[PDB]
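Novice: Listed here are the chains, written in short residue letters.
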Amino acid sequence: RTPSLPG
Amino acid sequence: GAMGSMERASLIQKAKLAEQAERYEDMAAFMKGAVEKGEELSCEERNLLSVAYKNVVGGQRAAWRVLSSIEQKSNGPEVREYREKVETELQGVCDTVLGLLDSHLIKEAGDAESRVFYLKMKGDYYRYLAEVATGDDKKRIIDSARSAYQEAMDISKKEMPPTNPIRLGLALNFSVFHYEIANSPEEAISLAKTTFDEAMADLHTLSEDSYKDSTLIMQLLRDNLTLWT
Amino acid sequence: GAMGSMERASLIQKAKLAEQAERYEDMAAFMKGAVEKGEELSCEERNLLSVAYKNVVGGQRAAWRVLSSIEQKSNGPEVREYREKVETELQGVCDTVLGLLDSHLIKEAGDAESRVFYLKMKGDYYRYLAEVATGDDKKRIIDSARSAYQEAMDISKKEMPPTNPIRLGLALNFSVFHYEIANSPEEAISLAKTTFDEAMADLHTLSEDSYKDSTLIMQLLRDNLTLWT
Amino acid sequence: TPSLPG
Ligand SMILES: *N1CCC[C@@H]1[C@H](c1ccccc1)c1ccccc1OC
Ligand SMILES: *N1CCC[C@@H]1[C@H](c1ccccc1)c1ccccc1OC
Ligand SMILES: [Cl-]
Ligand SMILES: [Cl-]
Ligand code: NA
Ligand code: NA
Ligand code: NA
Ligand code: NA
Ligand code: NA
Ligand code: NA
Ligand code: NA
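Residue numbers (the authors' numbering), protein chains in the order written: chain B, 2 to 8; chain A, -4 to 70, 78 to 231; chain C, -4 to 70, 78 to 231; chain D, 3 to 8.
Worth flagging that the hints you see were computed from the coordinates, not collected in a lab.
Each residue gets a CB set at the ideal place from its N, CA and C atoms; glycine is no exception.
Accuracy of the hints is not assured; some may be wrong.
Quick list of simulated restraints, FRET-style, between CB atoms [stated by the list, open to error]:
#, chain 1, residue 1, chain 2, residue 2, range
1, D, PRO7, A, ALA57, 21 to 31 Å
2, C, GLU39, A, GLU35, 49 to 59 Å
3, C, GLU161, D, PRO7, 20 to 30 Å
4, A, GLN93, C, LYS160, 52 to 62 Å
5, C, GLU110, B, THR3, 47 to 57 Å
6, C, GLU20, B, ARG2, 21 to 31 Å
7, C, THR231, D, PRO7, 15 to 25 Å
Computed cross-link-like contacts, DSS-like style, restricted to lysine-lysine with a CA-CA straight-line distance of at most 27 Å [as the list claims (entries may be wrong)]:
#, chain 1, residue 1, chain 2, residue 2
8, A, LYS87, A, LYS109
9, C, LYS87, A, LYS32
10, A, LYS49, C, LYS159
11, C, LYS109, C, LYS159
12, A, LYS68, A, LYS109
13, A, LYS68, A, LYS11
14, C, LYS87, A, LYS49
15, A, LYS11, C, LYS87
16, A, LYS68, C, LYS32
17, A, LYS87, C, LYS195
18, C, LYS68, A, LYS11
19, A, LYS87, C, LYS109
20, A, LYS11, A, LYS109
My request is simple: use the sequences and hints to build the entire structure.
Specialist: Listed below in structure tokens is the structure:
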């Protein structure tokens, strides 16, 4: 999937 | 509960130790206990809560995707059973987080920074539930995620500058929601582009350190835009 | 236990799925359930058992060491308390593994290789307990580890060639026990040296792949000898 | 000192 906020 | 007899400050301290030891389940349990003391979380404490549960649910989501892929390619009961076991545990963690948000953390009163942070989080955890849902149940979960993100968006546009990192991260995740969950790639692309452009125009107002904080998230928006277009 | 109602073959299948999903606690629980069916394990199955629990206990050992280091540097009660929590969890996992070995993997092992494998494992898990034990309990644990390792040594010297990788790995771990746990550097060096020389004598008889396997573990013995001498 | 890595 598309990456979301990593934090 | 098992944290009820522990001091709030000790729970926070142990959450930080658990993070250093990469014991994210423990970290989350300590932060849950701290929330249950009934005092509002500071900015640092909100971050600790979020990091803890992100890592817990992140491991579960990764495992679920592995098992779901094995299951789809197989299509005895064992793969389905084990995928269902992981799915149920994932849903339980999401329900725990959503319960903390609704019972303790989301308030009508509150500063914009906390209200947006928690509504974004609510959107995220409904989104994680949507990833594993099907049919009409999926529809209702999708609408719950959308509603939480939309309220966070409305507050963030009224009460925060367009470079605010929390606002930017909300827009990043809401655009991911549009693209990956809601079957709305055009809306995802439009939101990422306008968010990026409106932040870029205001970077000139920021200190060196704030510029780095904002541009790091803008760079993520750009990465998704360039992936999608 | 909780796995008592699941077929042995289903437990093995799910242990392999858990490994693919990097769900090592699940993997260990499935393998515990398989052991508790009371049938011997194949070589593949005893490797699954060992991998699962090594991953679980390895994560606990790493966390314990992080917390112990913070505790040592600090010299409130919170660091000690959390270190003790992790320690108790680690002790529980080691007790679980030792219980499987004593009831009844060791006594039911049908060949020398598997009996050595399990007795070595018994020494290893007592050694992990010894790393965190104190006082009289530590002394008892140290004697238990030594006794298990020594029985494995006796069998391996009678039944397996000196280049056999399981024999070499036993000697490696027993020598580590001598040096790191039992404060017996002379015994550690003597064991590692004798093992190294007796394996070298037979290297010329081995296939390419066996030569590689044996020299790899010989090099681990060498690394420790260099640190120790 | 390191033990067997598996
Ligand atoms: N993500 C959301 C809240 C916790 C985490 C956040 C973050 C955001 C973007 C990139 C990396 C990390 C976080 C985590 C820990 C401390 C601070 C922090 O953001 C302020
Ligand atoms: N360590 C002992 C039992 C499992 C693991 C072993 C191993 C030993 C040394 C280096 C790497 C791996 C292992 C693990 C997985 C498959 C086979 C295997 O050895 C037979
Ligand atoms: Cl299952
Ligand atoms: Cl604790
Ligand atoms: Na309380
Ligand atoms: Na403001
Ligand atoms: Na567009
Ligand atoms: Na890209
Ligand atoms: Na592109
Ligand atoms: Na020989
Ligand atoms: Na020799």
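Novice: Confirm or reject each hint.
Specialist: We went through each hint and held it up to the structure:
The hint said 21 to 31 Å for the Cβ distance between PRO7 (chain D) and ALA57 (chain A), and at roughly 24 Å that hint holds. Distance hint for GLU39 (chain C) and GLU35 (chain A): a CB-CB separation of about 54 Å, consistent with the stated range 49 to 59 Å. About 24 Å separates the C-beta atoms of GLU161 (chain C) and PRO7 (chain D), a value consistent with the hinted range of 20 to 30 Å. At roughly 55 Å, the beta carbons of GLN93 (chain A) and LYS160 (chain C) sit within the given window of 52 to 62 Å.
Separated by about 52 Å at the C-beta atoms, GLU110 (chain C) and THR3 (chain B) satisfy the suggested range of 47 to 57 Å. Distance hint check: the CB atoms of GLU20 (chain C) and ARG2 (chain B) are about 25 Å apart, consistent with the given range 21 to 31 Å. The hint said 15 to 25 Å for the Cβ distance between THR231 (chain C) and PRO7 (chain D), and at roughly 22 Å that hint holds. For the given pair, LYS87 (chain A) sits about 34 Å from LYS109 (chain A) by alpha-carbon distance, which is inconsistent with the 27 Å threshold.
Restraint check for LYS87 (chain C) and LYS32 (chain A): the C-alpha separation of about 22 Å stays at or below 27 Å, so the hint holds. For the proposed pair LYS49 (chain A) and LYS159 (chain C), the alpha carbon gap of about 51 Å is over 27 Å, so the pair is violated. Under the criterion of a C-alpha separation no larger than 27 Å, the hint pairing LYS109 (chain C) with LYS159 (chain C) is consistent with the structure, at around 19 Å. Distance check on the hinted pair: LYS68 (chain A) and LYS109 (chain A) sit about 45 Å apart at the alpha-carbon level, beyond 27 Å; violated.
The hinted pair formed by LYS68 (chain A) and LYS11 (chain A) fails the criterion: a straight-line CA distance of about 41 Å is larger than 27 Å. Straight-line distance between C-alpha atoms of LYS87 (chain C) and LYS49 (chain A) comes to about 23 Å, which keeps the hinted pair within the 27 Å bound. Taking the CA atoms of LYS11 (chain A) and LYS87 (chain C), the gap is near 15 Å; set against the 27 Å cutoff, the hint holds. Distance check on the hinted pair: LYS68 (chain A) and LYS32 (chain C) sit about 30 Å apart at the alpha-carbon level, beyond 27 Å; violated.
With a CA separation close to 50 Å, the supplied pair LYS87 (chain A) and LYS195 (chain C) exceeds the 27 Å bound. At most 27 Å may separate the alpha-carbon atoms for a hinted pair to count; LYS68 (chain C) and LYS11 (chain A) meet this at roughly 16 Å. Taking the CA atoms of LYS87 (chain A) and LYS109 (chain C), the gap is about 34 Å. The hint is violated against a cut of 27 Å. At most 27 Å may separate the alpha-carbon atoms for a hinted pair to count; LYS11 (chain A) and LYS109 (chain A) meet this at roughly 26 Å.
In summary, the structure is inconsistent with hints 8, 10, 12, 13, 16, 17 and 19 from the numbered list given earlier, while agreeing with the others.
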